[PDB]
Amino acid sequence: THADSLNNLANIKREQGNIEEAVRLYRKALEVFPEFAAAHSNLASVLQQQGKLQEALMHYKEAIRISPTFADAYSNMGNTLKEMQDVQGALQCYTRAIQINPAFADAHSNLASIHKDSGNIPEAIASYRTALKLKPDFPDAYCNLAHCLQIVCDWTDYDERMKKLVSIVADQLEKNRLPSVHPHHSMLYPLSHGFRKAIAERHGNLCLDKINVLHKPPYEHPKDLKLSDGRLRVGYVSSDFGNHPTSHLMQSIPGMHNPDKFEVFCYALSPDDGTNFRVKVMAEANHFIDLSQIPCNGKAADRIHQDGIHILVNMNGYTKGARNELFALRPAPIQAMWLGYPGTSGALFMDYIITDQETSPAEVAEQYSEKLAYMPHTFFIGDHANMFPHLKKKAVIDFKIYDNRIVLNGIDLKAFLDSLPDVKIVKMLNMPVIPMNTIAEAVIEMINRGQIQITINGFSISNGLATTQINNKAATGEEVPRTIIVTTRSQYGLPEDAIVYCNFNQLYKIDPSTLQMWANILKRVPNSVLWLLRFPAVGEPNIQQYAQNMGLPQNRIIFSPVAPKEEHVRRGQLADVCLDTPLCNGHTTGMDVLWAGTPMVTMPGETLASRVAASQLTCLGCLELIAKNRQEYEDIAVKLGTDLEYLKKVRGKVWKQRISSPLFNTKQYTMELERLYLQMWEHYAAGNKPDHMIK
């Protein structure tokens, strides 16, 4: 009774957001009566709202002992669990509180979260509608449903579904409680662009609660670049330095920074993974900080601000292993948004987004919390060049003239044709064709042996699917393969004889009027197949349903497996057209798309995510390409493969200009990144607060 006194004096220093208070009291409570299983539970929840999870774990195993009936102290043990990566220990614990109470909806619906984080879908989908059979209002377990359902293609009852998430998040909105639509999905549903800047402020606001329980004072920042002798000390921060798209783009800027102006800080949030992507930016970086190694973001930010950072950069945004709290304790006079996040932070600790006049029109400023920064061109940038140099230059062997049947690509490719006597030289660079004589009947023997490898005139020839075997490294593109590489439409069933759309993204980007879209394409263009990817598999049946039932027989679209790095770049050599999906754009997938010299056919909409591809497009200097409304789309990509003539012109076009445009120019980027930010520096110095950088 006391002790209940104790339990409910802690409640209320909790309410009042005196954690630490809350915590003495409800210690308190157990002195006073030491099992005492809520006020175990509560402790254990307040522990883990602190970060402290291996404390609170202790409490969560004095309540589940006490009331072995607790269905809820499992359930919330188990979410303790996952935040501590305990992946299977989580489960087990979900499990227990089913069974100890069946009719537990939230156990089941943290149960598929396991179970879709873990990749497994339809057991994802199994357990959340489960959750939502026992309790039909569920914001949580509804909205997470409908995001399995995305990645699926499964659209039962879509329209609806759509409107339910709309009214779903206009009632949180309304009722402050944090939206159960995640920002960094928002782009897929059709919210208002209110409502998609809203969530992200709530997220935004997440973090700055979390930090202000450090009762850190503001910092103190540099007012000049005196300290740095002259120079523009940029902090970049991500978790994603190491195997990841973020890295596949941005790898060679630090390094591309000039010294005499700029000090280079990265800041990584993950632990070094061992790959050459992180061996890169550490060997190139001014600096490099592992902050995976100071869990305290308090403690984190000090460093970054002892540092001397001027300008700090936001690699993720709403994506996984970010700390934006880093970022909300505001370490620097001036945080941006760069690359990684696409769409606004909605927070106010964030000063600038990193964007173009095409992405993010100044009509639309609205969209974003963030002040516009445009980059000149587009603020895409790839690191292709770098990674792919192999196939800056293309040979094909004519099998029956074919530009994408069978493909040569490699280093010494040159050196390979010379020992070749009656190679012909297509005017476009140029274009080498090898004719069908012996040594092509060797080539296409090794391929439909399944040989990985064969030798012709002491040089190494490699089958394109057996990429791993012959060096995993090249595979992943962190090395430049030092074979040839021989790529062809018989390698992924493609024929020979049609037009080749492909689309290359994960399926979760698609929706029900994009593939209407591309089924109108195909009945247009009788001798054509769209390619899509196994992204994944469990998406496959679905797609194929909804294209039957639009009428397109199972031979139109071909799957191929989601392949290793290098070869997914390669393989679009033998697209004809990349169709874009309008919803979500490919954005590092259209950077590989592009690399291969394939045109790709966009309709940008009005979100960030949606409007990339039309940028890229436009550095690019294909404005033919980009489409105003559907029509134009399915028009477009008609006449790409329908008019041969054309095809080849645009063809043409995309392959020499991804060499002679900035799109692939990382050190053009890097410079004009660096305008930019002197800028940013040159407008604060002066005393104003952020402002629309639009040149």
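Positions refer to the first chain, counted from 1. What changes on going to the form deposited in another entry:
- Considered as rigid units moving between the two forms, the segments carrying residue 342 and residue 52 are different units.
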The other form holds:
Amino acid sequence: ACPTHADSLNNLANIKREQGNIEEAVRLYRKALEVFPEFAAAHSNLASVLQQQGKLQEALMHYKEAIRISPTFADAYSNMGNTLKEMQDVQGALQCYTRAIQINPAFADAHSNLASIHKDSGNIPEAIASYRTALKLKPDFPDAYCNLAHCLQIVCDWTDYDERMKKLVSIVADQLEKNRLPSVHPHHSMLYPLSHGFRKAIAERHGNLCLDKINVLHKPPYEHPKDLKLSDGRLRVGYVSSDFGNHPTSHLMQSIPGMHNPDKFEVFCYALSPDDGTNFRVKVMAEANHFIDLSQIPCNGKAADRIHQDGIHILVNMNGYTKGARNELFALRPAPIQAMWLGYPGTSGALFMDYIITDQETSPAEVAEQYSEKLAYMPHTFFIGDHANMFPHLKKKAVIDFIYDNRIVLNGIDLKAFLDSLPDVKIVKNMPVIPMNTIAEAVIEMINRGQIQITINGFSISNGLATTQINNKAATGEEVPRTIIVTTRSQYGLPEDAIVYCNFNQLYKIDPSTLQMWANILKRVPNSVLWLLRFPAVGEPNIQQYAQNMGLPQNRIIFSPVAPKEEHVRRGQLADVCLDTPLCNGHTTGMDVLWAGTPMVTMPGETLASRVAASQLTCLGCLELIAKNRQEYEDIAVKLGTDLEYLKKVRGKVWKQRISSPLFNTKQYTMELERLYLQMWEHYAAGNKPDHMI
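Coords for the form deposited in another entry, given the form deposited in one PDB entry:
Only one chain is given; partner chains and other molecules are left out.
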């Protein structure tokens, strides 16, 4: 009836949407549609705010109405693509973006949204190409600039790096001042030189999005247990994770549910992911007191009701802002105590989180300001790994004298029996050494010939590069390998007569400053090499180009492919020293390299993510590997690479202390986690709100 009036109502709705008044936007778009039912722009604009409230099906219905009314409405197609992408319909999203760009070639938002599919598929050069098209058409485009910056970080393109970081910080500042959702993702924010205040505000605004989605449910506050009477004096602990399956989180904590004291604790595991069929999933399902698949319960209201009805005292957030998170569940507060643990190396910034489980080394008291949560300290490190259970063949080793601990390495469950079948095995202060006999030449020939395995004295001797051909489950870490495995520097092109510095982290953890520190070390330690991973492969030529410009020849940096889990951990035995990334430390990869007995040099920063390595080394008991500044990092690394007596001493310390220290003791860890859980409970039950447990 009146397009002009509907049109004013649509514009007013748009102004309200900008101001963050989403409920008022919805009210005004709906009145525009009463005044002009066939108003395509109102259907599409309304669908977008419905998408913000998690009403994806109702959004889809309005987008389809917009396109029914206006078949070449580019905005409706690009907006509908966003809703489909969130519904995990990547195919439909692509059709929508491609259709929006068919219609309007100059549509910056649609190029940026298409870039987001390329990014999410792993196609980073194509994501870069599309983001760059978006920024050429719309130079003021925070979402495209911030996502481009993350793409450039993944592939180690440091073109104009310091000016890039300045514009990132500037965009965040402007979005925080104007009360807009920052275009920098909280998880991504750990890679950029943002103030603690900006990192915490980014987190806080993302946490606050969960409310747009739970507010439309009109759920009242839950009533919480105030004692353990209903649960027989047992504390009900709920572990909420997308990562119960073949995921690093499971490779760290798969043992902890099973190891809880069932006299004091009732363990519930809330999976946000379907069953991926792996032993990781099998074990947590079998060893938890209860296992609830919330992938089956997509409504956060019904899912939260289920947690509340189970009687949970401490609900544990293992995702934070990682893939698969359903922080909406935490936003509804189905549990009286809600704690961040292990999955996310930073603050939620979120009203609905009470505690972050951390430690004095990771999160010292003077940086409490960085976190919205109260600090809950584990006694040594909050970090834990399942290495003792997953990889017990790496508990012991033997070498072939071709005396080096890390040129040719044997590992196996039956290693001692195999060695006892040989007549000429020496020991060293202990390390068994096979001399260059018939057996040794056979083992080496297998490696040089690229053979899968041989038999010696009835014992299966397997090529460490061929584990997936031998036992696919042994390759993933789902089972212990049953053969004796040979690992050699020759398998990876590493020099026999020079120091190997390694870093097995995603390349996005490297910045120019870090590669310059590494170059400084290599130039002080002749013939040494840096061993890095194709993580991903497209990052490799960038690193090489930067390293060559710093004076390092291509042959000083050795790249390997990312390996199946068991080979990645096993081959860390071939390194002399791990050089930790100061920007964001190795977390999982720190535990991995230490389990192989490789010393790791670290420079802790201020962020949780920049201090995990120092916390791991403190728990291990190797303070000599923690640097106070860049000069000290370079000095420690150079000393380990030039003084072979000191190297041997530091390597022995790590080799012994990975067993004797608490670092990999999941039984002691679980016992200390239980102490902390009952201190949180006792504090809540006496009627206190959260406080630091330090």
